[PDB]
Every structure is written in structure tokens, then in C-alpha cells.
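First, one chain by itself in C-alpha cells, the form solved without the partner chain.
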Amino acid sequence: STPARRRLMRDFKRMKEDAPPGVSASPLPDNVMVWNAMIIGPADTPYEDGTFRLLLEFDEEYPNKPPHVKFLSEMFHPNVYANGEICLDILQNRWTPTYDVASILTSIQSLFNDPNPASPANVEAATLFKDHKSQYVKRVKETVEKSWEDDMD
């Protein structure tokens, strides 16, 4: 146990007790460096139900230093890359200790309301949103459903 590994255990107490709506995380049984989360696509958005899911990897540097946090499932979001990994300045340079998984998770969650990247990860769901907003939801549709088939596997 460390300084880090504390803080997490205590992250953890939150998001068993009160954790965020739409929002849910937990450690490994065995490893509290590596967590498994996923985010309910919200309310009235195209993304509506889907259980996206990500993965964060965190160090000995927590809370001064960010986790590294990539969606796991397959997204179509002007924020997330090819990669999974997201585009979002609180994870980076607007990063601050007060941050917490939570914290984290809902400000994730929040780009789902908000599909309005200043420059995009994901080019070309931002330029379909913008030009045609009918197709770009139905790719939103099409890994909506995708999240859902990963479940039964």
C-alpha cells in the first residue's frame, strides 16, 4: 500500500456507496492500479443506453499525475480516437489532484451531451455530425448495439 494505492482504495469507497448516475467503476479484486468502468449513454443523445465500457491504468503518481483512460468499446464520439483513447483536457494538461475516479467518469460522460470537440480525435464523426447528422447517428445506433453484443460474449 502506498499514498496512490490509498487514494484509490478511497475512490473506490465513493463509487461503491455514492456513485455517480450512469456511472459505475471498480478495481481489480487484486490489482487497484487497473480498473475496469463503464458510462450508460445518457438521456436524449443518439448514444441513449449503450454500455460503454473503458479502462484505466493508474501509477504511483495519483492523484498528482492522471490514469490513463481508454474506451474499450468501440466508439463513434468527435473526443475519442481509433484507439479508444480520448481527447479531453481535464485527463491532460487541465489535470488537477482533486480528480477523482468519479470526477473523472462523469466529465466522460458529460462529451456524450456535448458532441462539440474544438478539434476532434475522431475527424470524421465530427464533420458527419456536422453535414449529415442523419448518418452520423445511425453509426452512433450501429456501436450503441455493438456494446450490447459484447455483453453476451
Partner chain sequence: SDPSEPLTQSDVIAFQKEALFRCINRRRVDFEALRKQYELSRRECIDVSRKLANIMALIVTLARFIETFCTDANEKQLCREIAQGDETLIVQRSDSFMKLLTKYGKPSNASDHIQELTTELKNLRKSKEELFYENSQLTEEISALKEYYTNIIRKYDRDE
Given for the second form:
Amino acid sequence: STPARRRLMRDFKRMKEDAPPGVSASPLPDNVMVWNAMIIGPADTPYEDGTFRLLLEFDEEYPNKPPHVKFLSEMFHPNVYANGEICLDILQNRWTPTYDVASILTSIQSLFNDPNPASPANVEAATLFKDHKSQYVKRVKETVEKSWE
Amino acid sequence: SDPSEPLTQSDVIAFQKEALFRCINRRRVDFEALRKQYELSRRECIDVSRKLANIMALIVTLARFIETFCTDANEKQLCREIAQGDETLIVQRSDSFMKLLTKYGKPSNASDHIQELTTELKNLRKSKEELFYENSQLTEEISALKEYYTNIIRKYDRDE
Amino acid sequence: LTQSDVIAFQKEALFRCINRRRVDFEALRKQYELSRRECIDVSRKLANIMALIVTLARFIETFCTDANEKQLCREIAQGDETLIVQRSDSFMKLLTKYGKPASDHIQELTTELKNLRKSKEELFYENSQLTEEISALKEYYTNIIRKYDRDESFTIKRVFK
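Okay, that's the form solved without the partner chain, but what's the structure of the form deposited with the partner chain bound?
Let us now look at the entire complex, which starts with that chain.
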């Protein structure tokens, strides 16, 4: 109806025509307003080949305000809280209404590749990243393999 | 589905199955590589233990003769215990047995000095020998592992 | 067993295969560790009785007047198990012959100690290098196979272009 639901609709056509590699996203057929997403862990990262699903929750102040985004899949990352919340600056302190769902998901894969220990949400992961890198990649890898269910 | 299409629900399960195989294959290659390192260790155990039974036979022989040439009761007792063929006792008494050999094998203060010297020599040799056997085993392991991976990598190569 | 046959296989059974392999691997690994511990044990035992016998051959060598006696003693000090057994009879014959109870000599003895000292320090260094190499090697080759599998994956290339 509104321009917000139509901006969500422009975001959809964006995903369909130009789906970024290793991401997918679609809103519920009834509710344009809520979106299923999933990222694939890029090559050469310890999250390699994962199939992590994501929930985006919008409202009527978009593209002005971003949705709330949380991973559904079990996660192990310094920039991820135990409830799915993500410590990404482009979503918390550097958002621009030009950003679409495609851009949001692309940045999250960029983060799977570049963990930011400087804003640690999950302590365990920010530490293992630095102290016991092998125990870290082991933890993340069991995460990746449960993602496959 | 065509690349100019959004990834569908069948596509996701397909990607996951191919990833599952790749995980299986990696754990399977790593496991068969372990299979080879184990079979090799088993062969080397067979070989070193054959060699040890044989040289212990020699030690038991040596222990009977030094037992014969002994003056003091303690010496005779040690010699007979070694002649029994115990593998732990030879290790522990390695120094006293060497001293006994040096004392009886030969026809003042300088003799005791050369005894001290050759006990040290025997112990440095024991160390050199351990390190030599372990380095031989290590290089056999590297060789076996190279032969294992290279073959899989070449099967892949002809699978062009 | 092949990527196409895996697409044919079913998705829960791939998980069951992964845990069949994980527990087979844990068995094999406790087995590998037991084997290695035995192998280290017999090897240090052998190393010790060999050390006893080649040290003996050097001193009995010193006391031999016959060229052949010295030859036998030296070949024994070479430390080859096979030769050691075979020459064992003659070596005892020699020990029986010379068993019946100055300055320069200790000098040699300490020279050989230092040379061995240096030999053992090296052998240790090369053992360290060898272990590193095995680890590097398993990692290197596994990586190549991972990359080969990824390069024949089609789901990969259709997900990524």
C-alpha cells in the first residue's frame, strides 16, 4: 500500500534480478514486511560452505530505519549475540536508507570473513579468535555443520 | 536453476549435499591417511621388537660370562637377574652393567676415570640411538604420507 | 563416494556417515597412540642395549692385538643389528680371550663424547624439523584435495557464478 511496502518491493526485484552470490532473501507471500534470508559462508573463511538462515523484521519507518536482523541458525562469531543480534556498524551507527536487504546480507558475509573483535558481542569467540585459533575454527566448524540441518 | 534466478528451495538442499560429501571426503581422506600411519607404526613395532629380542639374547649371553668372572655377591646377583632376559632391568642397571663389563672385560686412579668416561659414552650413545630410531620412523612416516596424498591428487589430475 | 552419488544419497544419512567416520577415527586414533607408545618403548629399549654393546666393542677393540679382532670390534661399533648377531659368537670368543683380571687415551674418549654430544644435539634438531614437516604436509595435501573437491562442485559454482 504505502511507500515502505513498495520500497520493500523494490528490494525484492533487486534480489530476483541481481541476487548477490551466496545470499537469498524473500518476504512472506502475505507479509511483505517480514523476510526469510540466508547467507552462505564464503570460500576460504572458517565459515566456509555454511548455510545460515536469517530473520529480518521490518516496520513502517523504512528505508529510514533498518529492520531488526537476527540469525536463526546456531552461530559462533564475535559480532553475534546469543540471540542472533549482530554488532555491525552499517546497521547500528552507519545506516543509510539507500541500503537494501541485498546490501545488508552482503555486509554480514563480509563480516563472516572479517570478524571485528573491537565490538565483541560474543566474548568466547572474540577471545578464541586471538588465543586458541584452532579451537576457534573447530567451534565455528561445528556451527557450520549444524547449519546444514 | 539458471544463474539469473533467485536460489530456490531445491537448490539449497543440493548445495548442502555437495558440502556434506566434501566434509565426508575430508574426514575420509584424513582417516585413511591415519590408517596408513598406523599400519606403518605396526610394521615398525614388529621390526624393532624382532631386533630387541635378538640383541637381548646377546645381552643375556654377555651377562652369563660376566656373571662367571664376578668376585662380589652383588655383581653375580645383578648378572643373573640380567641373564633372566628382563627388558626393564637392563634399562635400570644399564650403568652398573656397563661398569661390570669395563671391570671384567679388561686384562690405580686412571682406571676408575676411564670407567666414568665410558659410562657417559654409553649414555650419550643410548640417546643418539633413540634419536636415530625415532628419526628413521619419522622419515618413514613422511614418505608413506607423501605416497598416500600424491596418489589421490593424481587420481584427481586424470579426472580433468 | 562421488559428488553425484552424494546428491543421490539422502541428507540425514550423510550426517550418520559423518559420525560413523568420527567414531571410527577416534578408535583408530587411540589405536595409533597405543602403537606409537609401544614403538617408542621398544626403540628406547633397543637403543639402550645397542649402546651397551657398541660401547663394549670400542674398549675390547683397544685391548686386541690382531688386525681381524680390531676389524670385528669396529664393524660391531657400526651398530648394525644383523652384523651384531652374526659376529656375536666371535665377539664373545674375543671377550673370553681378553678377559682375565695412558695419557693420550682419555683425550680421545672425551673427543668422542663431544662429537657424540654434537651428533645428538643435531639428531634432536632434525627430529623437531621432521615433526613440523609431517604436520605441514598433512595440511598442505588436505588443502589441495579440499580445493579439488570445491572445483568439481557445481552447487558451488551456481551459488557463486
